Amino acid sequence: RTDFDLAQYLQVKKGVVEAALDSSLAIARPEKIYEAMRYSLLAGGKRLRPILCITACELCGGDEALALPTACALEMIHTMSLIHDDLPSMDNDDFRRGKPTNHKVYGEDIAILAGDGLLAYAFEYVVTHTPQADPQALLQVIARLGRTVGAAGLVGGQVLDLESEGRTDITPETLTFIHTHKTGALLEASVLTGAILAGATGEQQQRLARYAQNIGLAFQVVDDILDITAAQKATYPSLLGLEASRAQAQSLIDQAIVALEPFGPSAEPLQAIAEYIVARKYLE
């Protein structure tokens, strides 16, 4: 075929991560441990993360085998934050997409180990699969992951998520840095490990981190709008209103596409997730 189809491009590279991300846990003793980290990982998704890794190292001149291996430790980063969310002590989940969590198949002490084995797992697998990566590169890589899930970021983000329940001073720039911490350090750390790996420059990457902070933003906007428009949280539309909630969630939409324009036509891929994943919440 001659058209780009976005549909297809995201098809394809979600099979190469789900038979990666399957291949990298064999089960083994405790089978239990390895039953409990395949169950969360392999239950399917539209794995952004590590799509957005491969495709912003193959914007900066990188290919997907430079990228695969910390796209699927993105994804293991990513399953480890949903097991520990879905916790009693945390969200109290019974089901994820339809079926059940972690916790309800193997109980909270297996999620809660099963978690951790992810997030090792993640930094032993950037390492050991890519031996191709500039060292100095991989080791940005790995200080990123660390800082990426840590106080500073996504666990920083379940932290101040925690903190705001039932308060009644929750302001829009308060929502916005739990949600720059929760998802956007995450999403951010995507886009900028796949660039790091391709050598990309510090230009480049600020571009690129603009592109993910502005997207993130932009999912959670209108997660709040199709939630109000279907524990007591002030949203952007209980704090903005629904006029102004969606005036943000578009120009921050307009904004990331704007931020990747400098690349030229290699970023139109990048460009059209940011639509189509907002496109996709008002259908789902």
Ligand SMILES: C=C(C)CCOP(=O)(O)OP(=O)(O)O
Given for the second form:
2 protein chains.
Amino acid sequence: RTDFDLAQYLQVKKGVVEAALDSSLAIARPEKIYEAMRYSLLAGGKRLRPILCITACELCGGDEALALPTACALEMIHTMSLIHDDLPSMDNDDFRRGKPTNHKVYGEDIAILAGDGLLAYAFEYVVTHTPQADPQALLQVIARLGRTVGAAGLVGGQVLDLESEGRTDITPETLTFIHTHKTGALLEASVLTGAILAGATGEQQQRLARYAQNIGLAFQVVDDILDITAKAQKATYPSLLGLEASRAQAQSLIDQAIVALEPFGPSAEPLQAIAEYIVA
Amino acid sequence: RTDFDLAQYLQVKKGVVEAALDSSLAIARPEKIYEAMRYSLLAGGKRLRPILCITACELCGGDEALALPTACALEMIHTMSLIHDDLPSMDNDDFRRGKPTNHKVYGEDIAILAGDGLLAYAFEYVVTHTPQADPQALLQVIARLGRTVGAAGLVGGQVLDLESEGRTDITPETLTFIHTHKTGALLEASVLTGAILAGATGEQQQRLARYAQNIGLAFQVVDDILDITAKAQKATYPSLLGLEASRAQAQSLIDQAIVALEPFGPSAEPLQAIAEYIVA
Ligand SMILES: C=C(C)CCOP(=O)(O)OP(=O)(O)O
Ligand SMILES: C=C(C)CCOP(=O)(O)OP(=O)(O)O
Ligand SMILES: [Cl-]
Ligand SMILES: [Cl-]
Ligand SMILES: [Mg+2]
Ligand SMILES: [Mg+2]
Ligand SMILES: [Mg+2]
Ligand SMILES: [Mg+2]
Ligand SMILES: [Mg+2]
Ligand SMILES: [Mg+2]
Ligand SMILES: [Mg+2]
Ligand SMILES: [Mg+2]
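How about the form deposited with the ligand bound, since we already have the form solved without the ligand?
Next comes the full complex, and the chain you just saw is listed first.
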């Protein structure tokens, strides 16, 4: 094969990642916590975040071997956030991607604990499996991951989302504020941890952060568009802006994400193709 | 003052720690997650783990400035484990150290998320606030903390404890297995992260790990002794061994913890005094 095909590029990275994730949890005593963690971690899905991490690392002159442990850690973090999000105390989903939810399968106590275990393991895994990284770079990755997950990132976003339920004062700005924390921080971490591992400059990181923020929002706008075209109220992009402006804003976010990476040269084409996919 | 007094030694370290913890969480948007985290982190208590970390770091030729960020991270981890332990899905305690429990005060959703935030912040805080550490040492601390919290440590211990409820086959060995994960891993991490920061040898670390494991078990034996002298059934040390053997085993654990540190010379006296306290 001589030409770039996104579907096949992703297929190959998804396989490498799902093999690494499988490897990463050898069942030990107590077997149940490993069964519960494996249930959610190996449940499949797009594996976008690890793939973004590997992709951004390669973009910046790193390789898959350097990025794969961080890539896994990002998926462990993503999975923990899903396990916790599904809980009766939160969304109370009985199903996820056509499969029953962790707490329905093992109980709420085990689900809460499998989430905690995956978050812990993320940090252990990055350090124990990346001895070839520059130590100052790995520590910057650890700092970034801790910042991404907590009050200033993902957990901050979950609280901002809870605070939005049954309110009549949500604006496009406050909805964007929710999404930039809830999902944007982890997408940004996914491309910036890859770049940081490869030794990327502050200037290169700022472009990747713009890309990541814009693809994150674009995903959430398109999602809202698909919802409205297909529990207290919650305002969405189309409910606040109308469908015409929602659609133009999604296109414009994807355009700015693609332009943001143009100065990396053709090495950026895979990340640009991921952005285009969101609006195809 | 010319002589060592444990009560005053602890008072001084507890003050430095509670000031650092207070400092570590400046309220920002969304204020609620910072209020919820601060509620549990600043609720007081013995601050044993941070104090052990600072103490073991000083024992090994480090200082309080080197250890304080890790010391805080250990208390953040401890607090997260308490917030999660108290949840309706777990122990369902409405109170803790005479104060209402995080989920009663903010809700289960916020409590779950404040726990996640504190666990995340632990890792961020260690890296961002310890630039003077040797980078390979800090990464070993991060690895140790991730390993301590997860399936092989604290979360493993919580699952082993859940698995013990209403069983008739618990032995002193299986009760010890629960406690070495549930509390022993984090006490061990508390003295080993301090020692690792100060550049301690593998040989010195092994003595500190023996000390930490023995003071951890001694605490749990004495606790069971005090319970039985003062929900499905749960076997305890006195219910399995009798009170005479329980008491001899607590004394013997404390003796082995003190002997384990004798080869450090008099620098070990503070850690030895902490051990003696457990049985006084
Ligand atoms: C923080 C994250 C990404 C957890 C899932 O958030 P959502 O609430 O958007 O997910 P669904 O329940 O809609 O699947
Ligand atoms: C893992 C830890 C240390 C959480 C508290 O455990 P416990 O179940 O022993 O604590 P209490 O509810 O008895 O306070
Ligand atoms: Cl460039
Ligand atoms: Cl020595
Ligand atoms: Mg949800
Ligand atoms: Mg959900
Ligand atoms: Mg939406
Ligand atoms: Mg181009
Ligand atoms: Mg308990
Ligand atoms: Mg409890
Ligand atoms: Mg007990
Ligand atoms: Mg002595």
